[PDB]
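Here we start with a single chain on its own, the form deposited in one PDB entry, put down as structure tokens.
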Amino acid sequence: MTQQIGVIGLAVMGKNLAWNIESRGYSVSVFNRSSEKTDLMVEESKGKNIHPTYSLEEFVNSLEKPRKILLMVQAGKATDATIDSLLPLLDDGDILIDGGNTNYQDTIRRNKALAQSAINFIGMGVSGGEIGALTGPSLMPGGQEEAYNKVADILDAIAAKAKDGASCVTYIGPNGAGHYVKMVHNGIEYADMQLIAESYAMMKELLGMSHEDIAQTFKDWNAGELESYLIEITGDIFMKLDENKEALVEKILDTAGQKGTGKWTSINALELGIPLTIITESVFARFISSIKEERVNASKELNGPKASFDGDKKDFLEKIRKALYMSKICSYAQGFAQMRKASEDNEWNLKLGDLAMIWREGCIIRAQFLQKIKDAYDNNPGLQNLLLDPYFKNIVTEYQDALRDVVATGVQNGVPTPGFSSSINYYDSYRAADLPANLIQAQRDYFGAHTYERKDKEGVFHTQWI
């Protein structure tokens, strides 16, 4: 009278995972604090091996040992409440797996505390949404390596299967390493969406393209280097019409939301001293678009240039394509530099070549762009920046002319390009052998006596500038 794994939190995500685990031949117990949601699942699981429970004691006593408990409750304090109530009921060696979109610092705090009580805590990032959770998500579990191996086969059976037959799951590293990589991957998707949005803004407000030509443009781009799940979905979106045979994408209110992570990865980059300019401008861009009523009033008070393009539009369309691909490359270069620094500071010993399976960028499809990131770090693990990898190096040095043109016309025509500008600014700052920071060092030496180093002489110096 025992089950092999239990799930707590029977919302859409937790219910779908329990069904996924069940469909592989595993006996699953379930529990929900409010009882109406757990017996609801019972009526939907008439043929499935799902054993409902209605108390925390019954749920824990229903699982074989070492117990494997998958936590799919609300992020934040509800998760801490579930762990705090489970802890006195658990036994030494049990495994708690938090599959929610947790801040990695909370995963580190819980994994450290429960380890003192001989309880394993695996923070697992889950990608795929409700659809993927049912059929096969991609998982980023982090925590005790021995606890992962005890549950590796369950995670392997329920995870997505790539083209190579490989499971979309691997051990990221200790404690909060899994939730961290999940956060950084989502932050990289933040940048890609903002760069695709900027590409659509120029195709619409500058080239005056229809929603038919816009959709066909992205589908063309998805066939080449820009092949990604986001580009493919973007093309289909511009083809879904509404009541009056109009593009529904244009009637959607332009206020972008975010459930954290975007804030989290930019805050982390600032803490690590990593320049995550493109992902941070993307998070800021979502902030600005939420002040919609404030923006509409500002539009009536702040004038700007009228967008005009008299030249060859289809060659400018290709320049936008090169600008999008290069800015995406700088996006990853910043994001993977962030991951390298984070593994150093957290002593995670991460393998960046193994952390290139981003979901929205073509995960199961084995997108060529992802394998190029993996191979770059695989061939040179000590690689300091993806911009210096021979492949990406060759592209950004040839595509920079297109990005500079696209940024220039965008600014001169009043169409904001926070992500495009960040990329060409990053490439120009990163490649600059000399920066005007020497002037900043001089000001800092005067105002706060912070001293300075020199380019010709060794040592540190202070100067009476006045």
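If you superpose the two forms and keep the largest set of C-alpha atoms that fall within 1.5 Å, you have the rigid core. Residues that one form lacks are left out of the comparison. Positions refer to the first chain, counted from 1. What changes on going to the form deposited in another entry:
- Compared between these two forms on the core, the listed residues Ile373, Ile279, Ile358, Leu324 keep their C-alpha shifts below 2 Å, save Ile358.
- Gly257: CA moves 2 Å or more between these two forms after rigid-core fitting.
- Taking the core as fixed, the parts between these two forms where three or more residues in a row have CA shifts of 2 Å or more are 257-261, 357-368, 446-448.
What would you give as the form deposited in another entry, now that the form deposited in one PDB entry is on the page?
If you are looking for partners or other molecules, they are not here, because only the chain is given.
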């Protein structure tokens, strides 16, 4: 007569999560604003413990208490409108879980507002696409720790399982912490795709490789330290042919968009004073790709060198592999340094090792790589930068030669490598004891009397430079 958990929002994401929950033995009530999707789901859920409802009151009244409601509603105003319609119906102690791709500052606001009405609110990042939601996604719940423990068994049952049996879910932290790390996950994802895109650009523009050999190269890399879901599907993408038996990827319009959510990772890093150069270059690279009409016109006006390579191709192909691996290391080092700073500012007490562990499966950035990040934070929780961990330090110390040659060869041949370039520039800046910022300080004291410090003595100084 009463169901254990309810799901609001019966699009592809919400319906798959409801089926995921039901497949684990739980009874699920479902509701959608348009009853068209509810009637369809019953058509596809015969023999399953799915209880359809056609009103918010009947939905709320069909749930066990404390009520556990999963919100899979369109992000933004639509989520707030569903919340404000649920509040007069809920009782004290009920648990609301928002699983959309939400701005973490909205989760902070909703958590703070609903807490005043004795309502628990969990902002949960969900990664894995539509197939991940059905079989096992990576889950990043943040909010009241007490409320998470009431739904921990459910989230554990539906989450993806790593090879060691651990499910890809854990309590992230208070209020908006869960949606925050999901945002950083997307930013990290932007860099990974951009670094793969630059590897493909070098293979095509510089080495003149065909789509069959590009696919095999990515498959070969996927068998080693670079193994990841993104590298794996890239190998499949370069094997898909169209109707005329030609590579379909080469026919796709190269416009990535200007309205993605990856920019919010970069904006937050700028607010926190964190140098997130590689992800931000990846965001900007998507902006550049969207002005296709301007780029075509500019190509007829601004010339450049003719890309050519007269060395050993498979040896340079190995340098690109090493450049790709080291660049991702630098990119993750920046992303995890951002989360460390965000955790301190928001007092979230984030366990970054545990976060790397739940990204091993389920999510888009899943990679064998993430195991080494966990081990870095487990052998040194006070780690300030991943580049200092002995495993990553030994990799980048060796791989920098390949990254330097890949960047130098790309610049010399007119192939844009924004991710590779910012990675080596970050490595050379982070390891530099003395930077040319002393001249910037002198100029600021010159025209603005901003004063400066000295390595010589202590104190603050101001100088008449003329």
